[PDB]
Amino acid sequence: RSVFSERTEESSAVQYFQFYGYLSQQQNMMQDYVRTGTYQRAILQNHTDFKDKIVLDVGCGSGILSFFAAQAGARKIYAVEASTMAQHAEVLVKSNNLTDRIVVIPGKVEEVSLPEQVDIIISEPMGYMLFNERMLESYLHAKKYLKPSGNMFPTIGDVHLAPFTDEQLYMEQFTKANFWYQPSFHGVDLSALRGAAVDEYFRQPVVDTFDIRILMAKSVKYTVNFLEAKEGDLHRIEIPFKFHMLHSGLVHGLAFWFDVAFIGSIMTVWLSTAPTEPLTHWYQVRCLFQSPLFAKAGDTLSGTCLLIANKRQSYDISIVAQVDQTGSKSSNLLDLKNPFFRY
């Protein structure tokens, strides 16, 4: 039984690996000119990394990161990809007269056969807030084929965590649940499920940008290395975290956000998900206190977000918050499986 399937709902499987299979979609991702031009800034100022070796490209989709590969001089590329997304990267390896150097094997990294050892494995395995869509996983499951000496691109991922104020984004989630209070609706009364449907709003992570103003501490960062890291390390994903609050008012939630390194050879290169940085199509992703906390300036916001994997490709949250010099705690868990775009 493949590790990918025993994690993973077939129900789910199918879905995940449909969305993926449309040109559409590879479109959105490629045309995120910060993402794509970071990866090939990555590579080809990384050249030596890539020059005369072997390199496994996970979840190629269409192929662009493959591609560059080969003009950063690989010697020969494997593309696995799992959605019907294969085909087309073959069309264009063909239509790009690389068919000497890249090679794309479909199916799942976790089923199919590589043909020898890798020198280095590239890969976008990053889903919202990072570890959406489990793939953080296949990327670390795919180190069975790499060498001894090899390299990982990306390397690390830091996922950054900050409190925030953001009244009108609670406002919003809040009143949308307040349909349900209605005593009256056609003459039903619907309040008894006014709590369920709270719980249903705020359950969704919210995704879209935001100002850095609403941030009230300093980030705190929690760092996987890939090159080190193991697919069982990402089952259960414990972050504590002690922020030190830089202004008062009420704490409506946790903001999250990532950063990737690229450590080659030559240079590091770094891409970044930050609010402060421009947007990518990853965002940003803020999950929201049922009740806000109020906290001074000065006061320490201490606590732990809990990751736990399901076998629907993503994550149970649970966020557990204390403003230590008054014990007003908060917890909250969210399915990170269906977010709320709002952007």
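Residue numbers count along the first chain shown, from 1. What we label the rigid core is the largest C-alpha set whose atoms superpose within 1.5 Å from one form to the other. Compared with the form deposited in another entry:
- With the rigid core aligned between the two forms, the listed residues 212, 227, 92, 190 include just one Cα displaced by at least 2 Å, namely that of 190.
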Contents of the next structure:
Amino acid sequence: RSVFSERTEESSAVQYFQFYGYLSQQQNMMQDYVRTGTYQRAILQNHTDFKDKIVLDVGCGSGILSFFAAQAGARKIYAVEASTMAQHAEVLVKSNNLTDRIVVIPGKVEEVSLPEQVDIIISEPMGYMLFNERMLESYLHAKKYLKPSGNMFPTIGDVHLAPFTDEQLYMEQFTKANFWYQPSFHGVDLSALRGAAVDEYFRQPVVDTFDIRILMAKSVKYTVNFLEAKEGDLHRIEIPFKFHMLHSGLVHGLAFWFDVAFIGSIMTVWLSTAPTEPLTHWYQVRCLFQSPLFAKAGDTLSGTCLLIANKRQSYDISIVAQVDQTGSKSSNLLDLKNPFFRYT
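Got the form deposited in one PDB entry; could you also share the form deposited in another entry?
So it's only the chain below, everything else dropped.
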């Protein structure tokens, strides 16, 4: 029994932490130079926020962020990891002669017991589309250990939404589904499942990158302030949007990316997964409308993206959009846990 247990199916949690038990997956994230280098930059350039301070690292993995905190002069660093990677973190702590400064605590942050309050919390709780994995709630839950005057790195998270036009991406869904639209696949009529195949492909968010020229409006930003927010703020995330269309064409869906900021005493450092920036292992995410919407340049595309948390450490995505100047409407319902990885 715990906050984490109450909101997570056991079978999903098993798979989740088994994935993170692989050194090859730590390696995958560590080799993202944008990710790793930016975190190091944020921590070292704000050394005054760590010098002689007590630090909590939520989901430390192999422990890299704790080592960066140590490089910045932290007095003691509590590194919490629930996967079997905690085992390998301890090895690195000992081999790096930092047992006196880094204490690895295996287990879920919602279930471990820290001996004292901390001055600052560090973590990388961002999944793709920011909210996937539902680790932001564990990050916010860790604030029970934060001194009232404490900080958090990252301090805020911004998710960005923008309409896009990708005719080929849209038509690709039916090309795949039309496999079932044949009267004699080895003598079998498959056409009765074509509609089910279509619906299946449209429930999948598309994880990949794209040229920024497919965007047709300035993004809408939904900010999460990690210093102010509660866990409950992420169970239901309603993002209203009203896009001012910069280009005329067919809008096939919404594109998602996110930024996080490390607001330190000396400076603020930004880690962005935007399509205008170097690509990261988060890539970007696109959710198609079931039907495109024609929008003239200067029209307004209004609607709501509703993220409903589920017990599979992810969200169900409800998107409703319409062009105000025409009343043309579309929507879609997507399962963020099972996206289509389209990058080549």
